[PDB]
Structures are given as C-alpha cells and as structure tokens.
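Chain by chain, the residues:
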Amino acid sequence: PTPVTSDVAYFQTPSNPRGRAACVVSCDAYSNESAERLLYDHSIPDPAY
Amino acid sequence: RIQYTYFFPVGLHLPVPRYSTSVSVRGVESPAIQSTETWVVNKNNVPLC
Amino acid sequence: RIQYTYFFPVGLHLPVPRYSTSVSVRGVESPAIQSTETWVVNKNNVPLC
Amino acid sequence: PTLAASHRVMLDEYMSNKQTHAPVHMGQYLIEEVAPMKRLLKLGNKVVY
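Protein chains in written order, with PDB author numbering: chain G, 1181 to 1229; chain Y, 395 to 443; chain V, 395 to 443; chain R, 1328 to 1376.
Only chain G is shown next, with the shape it has when bound in the complex:
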C-alpha cells in the first residue's frame, strides 16, 4: 500500500520500492549507526530526491 498522491515521476526511473534509496555502499565503512540514518531518518531528505 502506497498513497493515492505518490508522484509518477518516481516510476519511470529505476529505484527502490520503498520511498527512500537504500544504497549503503556510499556510506562510511564499518559504521552501523551512520548507515541506519540513510534508511529511516527524516531530518535527512532522500539520497535520490
């Protein structure tokens, strides 16, 4: 389930099915807490958008 007003411009480009990009390779190595901040925080707008 996904809202009625999610934007279609997300859908022509390859991405993740969740609303946030989950690429962790860019994050710092051997840092678990800094890697969680990509996935779940919302003070940090998307690594894609």
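Since the hints were made in silico from the structure, they are not lab data. Warning: the hint list may mix true and false statements.
[Claimed, not checked] No farther apart than 25 Å at their CA atoms in a straight line, the calculated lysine to any residue pairs in the SDA-like style are these:
1) R:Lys1365 with R:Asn1344
2) R:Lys1365 with R:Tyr1341
3) Y:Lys437 with Y:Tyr413
4) R:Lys1369 with G:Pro1197
5) R:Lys1345 with G:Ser1186
6) R:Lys1345 with V:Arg395
7) R:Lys1369 with V:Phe402
8) V:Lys437 with G:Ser1186
Position chains Y, V and R relative to chain G; hints supplied.
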C-alpha cells in the same frame, strides 16, 4: 541464470492541473474517470490486466 | 577539473498578449494558473523540482 | 542556461520532439540549454542530444 526484480505501479491519481501531450486520443479525457488497473506485457507478448 | 556555472529562472509571468507556438499541449492554456516551480534535470537523468 | 520547464508538459514536449518544441507557450516557458558540454537525456527510452 540471472534474476531481476521488476518494480511496477497500479491505481494512482494525478494532481489537479491535468494535462496532455497526445495528439490522437479521443474518449478517455473525462476528469470523472478513475483507473483501477494497469496492463502488463508477458513473455509471449500477451497483455494481461 | 573544469568548473562551469549555470542558471535558470523560476516563478515568472509572461506579458499581456499571450501567444502560442506548439500543437500538443492542451490542459494548461488557462490564463489563471501560474507556475511556482521549475524542473531541472539531474546528472542521472531524474527530473527534480 | 539549463533545462528549466515551468510545467511538466514542456519538458515532456522537448523530449518528444527536439525541433517543434515550444520555447514559450501561453502560460509557461522553457529554456533550451546552451552549454559548453552537451549530454544525453534519457527519460524512459526517448533520447535528446
């Protein structure tokens, strides 16, 4: 063998300033309509709903 | 590392004798709506707002 | 200057036909880029140099 994952939407809305770019499409353009399905193309090129 | 600057405006308003050039776009031809955003293509070809 | 279409249609018309895109429509406008490097623009499978 190589596995892929295929992201795919169905059943959205579009915002209020509705637009078009198509030259040749006649009937569909009513604002009261609402789409409840999406069509896919199979391996053997048969469309399913 | 050659470094180029760029620019683009946002939020303008065309003068009074408004004109047309294209043959495709339909739904935005009203003289009441005004753009409050522009769309700039990202490096990875993803149109941001 | 870069690509800056003041509505979603104008950027989707400059992609669909490079020649006959409107530089300025009735309400919105577009800036076709004049840049020292010139890229490919893949939005789906339509490509504009």
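Do the hints match the structure? See the list:
no.	hint	result
1	R:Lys1365 with R:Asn1344	holds (17 Å)
2	R:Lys1365 with R:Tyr1341	holds (15 Å)
3	Y:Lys437 with Y:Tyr413	violated (33 Å)
4	R:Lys1369 with G:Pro1197	holds (21 Å)
5	R:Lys1345 with G:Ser1186	violated (29 Å)
6	R:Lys1345 with V:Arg395	violated (31 Å)
7	R:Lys1369 with V:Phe402	holds (21 Å)
8	V:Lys437 with G:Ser1186	holds (23 Å)
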